[PDB]
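Asker: Letter by letter, the chains look like this.
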Amino acid sequence: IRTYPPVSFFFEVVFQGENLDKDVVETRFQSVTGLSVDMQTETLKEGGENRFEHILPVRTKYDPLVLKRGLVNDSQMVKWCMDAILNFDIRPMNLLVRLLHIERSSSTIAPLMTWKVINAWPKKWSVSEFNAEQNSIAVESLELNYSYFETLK
Amino acid sequence: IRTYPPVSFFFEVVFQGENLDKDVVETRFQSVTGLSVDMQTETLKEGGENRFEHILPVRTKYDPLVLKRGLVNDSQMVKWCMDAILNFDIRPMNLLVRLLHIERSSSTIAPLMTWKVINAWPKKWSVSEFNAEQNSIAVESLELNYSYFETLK
Amino acid sequence: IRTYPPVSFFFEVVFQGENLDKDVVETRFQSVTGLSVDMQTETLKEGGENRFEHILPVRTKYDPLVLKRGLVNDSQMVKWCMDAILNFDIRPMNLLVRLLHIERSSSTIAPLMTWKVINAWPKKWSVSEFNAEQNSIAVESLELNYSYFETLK
Amino acid sequence: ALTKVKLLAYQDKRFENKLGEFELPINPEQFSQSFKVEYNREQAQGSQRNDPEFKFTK
Amino acid sequence: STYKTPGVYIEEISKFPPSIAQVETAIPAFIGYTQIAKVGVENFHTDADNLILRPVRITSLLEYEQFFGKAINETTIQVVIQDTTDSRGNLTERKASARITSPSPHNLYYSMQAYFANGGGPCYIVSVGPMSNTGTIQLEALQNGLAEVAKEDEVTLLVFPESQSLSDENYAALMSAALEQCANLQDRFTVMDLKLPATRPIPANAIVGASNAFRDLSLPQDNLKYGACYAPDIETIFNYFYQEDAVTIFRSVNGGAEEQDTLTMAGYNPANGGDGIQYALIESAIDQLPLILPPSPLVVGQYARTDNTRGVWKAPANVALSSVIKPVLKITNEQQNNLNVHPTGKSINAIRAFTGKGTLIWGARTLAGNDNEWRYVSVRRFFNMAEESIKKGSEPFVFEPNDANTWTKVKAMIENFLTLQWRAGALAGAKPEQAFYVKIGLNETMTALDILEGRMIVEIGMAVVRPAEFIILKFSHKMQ
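Residue numbers (PDB author numbering), protein chains in the order written: chain BM, 2 to 106, 120 to 167; chain AM, 2 to 106, 120 to 167; chain DM, 2 to 106, 120 to 167; chain AK, 2 to 59; chain BP, 3 to 482.
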């Protein structure tokens, strides 16, 4: 029975794709978010029943996936994205998102939780503001569409 | 394999235009922003498939480009902008945006990243508030429309 | 070639009007703002070209001009404004806005930048809140409409 | 290469003698096309439903 | 190309586009014959004897051309024209094809071209003499070049692109000397090719006889962990150099026997009064010849790419080759069974084509394939990298007083380096204390007398990981 909850800052992302799963710089990210699902419904009122109304299920919606890094000047991933965006040529991929921990029985790094993200393709790309008077890092941000995600049980 | 990310405060802008590429004061800016692209889509639902919906690509949108300087009282660039704005006479130009670094093999200043911005023309011009009770600099700001941008690979 | 930018807190306003250009209290203001222009456009999509859309110029818009002073109990300018507002009798004027500096060749006060503001007439007039428990100055604020502004080159 | 819409103008009703052509400077974003068929819808007395007869295509 | 008025000038050329790269770990040395070899004001080939032997550091193909020239003419190119006609002799169709009967053994230029096409970086060139139309290759010149390359410290890989034309005894002698100095210097690795039967077309199962012949070479048993061998040769897309009047023309009609014509290409050139239509046909035919090279320079380029992308501790296998049309032989699974595992331990890696993927390198094992520690290429390459970097880091401490303070200083340096390497993911373990250990001390690693002479002894241990080769799938019927 659990006594202590897990920690959020040890994680990884894997691209199961063209040949990006073996490229080391393609797994290192500063931030990952957007993993949430929502059910959308409608409301129906029945005459004579004044104590409650009926909520009926309609459809399912998912959030976009957002990744943030320091700027990498030569990236195969960015070539894939810009091929989709400039030449209207898209080729969706599959992804894995992992939450990691230390297991020992000496010790080893092992996955703790894994999600499969199915049919991802580019949505948005951006780079942060250049300012002559601030100490900052050039940070690039990518946003992706996908169909759904599942737990690797 | 990279260990340290690049820095954002060393940068430059070049106007590939009427004769502005050789004018020193036309390359010095306090701030540059607006370099981001977005894909706009629509949602389609298929009957019988209740696990996900289809996201279909529609069009591509770009952000305006924003430049900020201290006020220059005699500028050829501002003459170009005011000719566009007052006499409804526009002549689009091409631009380069550079992110710089130090390379050595002694040392030299060299470009690290370069973007080409195609068919830019004036959108907005402004100057900051005059206030008798504050220590401030007169700052002018210019905003431009363009068609798209590309990486100089 | 410039090394230091200009300062914003030394400025002046002149009314080229009925006889207000010689009245000393009509040139002293605590704050002046509103000097900015904007181009409004529409978007057109061409079939077959999926890389960018066309932005087409439509019209030009200008911001109102806002002036702030400490309250002057007898002002010819305010008589002009209240004649416009109470008796629906308007008579537009021309204005100059100057940014000043010190020039020496001993020294003298001289204009550094000048804008002409054409066909101004009253838009709004206000006075600040009276409060028994605060140390404050009675401040009046005037807002004006105009056709356009130009640089006195 | 980007292709453009063209309108060809003919004098012959068999479309053999070309008179000219016009090319659009900007392609349209979309267009629409419409179809229809015509049937006979008379019905017998006190009858449930019907089987319509074909008249023509417009 | 001499200009005096400022402005813009126009020229028209034909060549392959260039490519360059930045490489830190894979610095190879190529030994062979060259065309020019002239640097500064010294001609290395000015005398027929007393040749100047010295390596030169090159960063691009343009720099190669600046010092060494390009290539020589082939002299063995033939073109056959096939005419389809009727009984009366009327021509109905005409086609042409080109062939080479015996290529020249001097091929450094094409090898360098393939090397740079596959992602190579800076290299060292050592010339052993001028290229010549007799095609003579001598063991002594190559061994002198190998003896000279011993004096440059950055060299990591040894390549002899011309070794396949050498007889078996001389081949064994050369490779034994290369392995011996790799073992003596402790920082180099050797890449080899397999010799194939010089027949056209190559018969079935030639790879089995070639492997058997290789197994019988006399090579030093305890140095076999310092090299690797790849097979087979590769057909690529580059062109041959030739002289127009040296090309021989043949004709054949309705499938009959070939007949040698009395003209060369120079007799069809319209500038000399020939038939320009057949001349254009012949030139198009000649341009279509594929060029056949040994695999080793492409392997070296791929080593450079893999270290830049994945890390040196990963296997340099399962990677596609560039500017390649095809392997000359097709190898199956039943044949590779005796190439990857063999009682002698002399493993041979294979280049194989996979559908929808192209030509891949398959196998990453050394010539010591039965050794429980040194089977895999990546483990030895990683150990070499770590040892040379530790050596460079420790060198500034020579001539220091032999006392506890210097021992502390060197120990701290070594632990800091190994910690940086653990952080990158090259060493196994969840914590640094599980990945390595470093020790030095009196009556721990050293002795009293040792102190009196000037020697320091440090003991270092490191933990690494090893790859998986076999994946087994099992299927069954699920109950409905």
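Worth flagging that the hints you see were computed from the coordinates, not collected in a lab. Treat each hint with caution, since some may be false.
Among chain AK residues calculated to face chain DM with C-beta under 7 Å, some are [what the hints assert, rightly or not]: (1) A2; (2) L3; (3) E24; (4) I27; (5) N28.
Idealized CB from N, CA, C, for every residue including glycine.
Asker: Does each hint fit the structure? Answer for all of them.
Answerer: Hint check results:
Because the closest C-beta pair between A2 (chain AK) and chain DM is about 10 Å apart, greater than 7 Å, the hint is violated. Hint on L3 (chain AK) holds. Least Cβ distance to chain DM is approximately 6 Å, under the 7 Å limit. Because the beta carbon of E24 (chain AK) sits about 13 Å from the nearest beta carbon in chain DM, more than 7 Å, this interface hint is broken. Evaluation of the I27 (chain AK) hint against chain DM yields a held restraint, the C-beta minimum of about 5 Å falling below 7 Å.
Hint status for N28 (chain AK) relative to chain DM: holds, with the closest Cβ pair at about 4 Å, below 7 Å.
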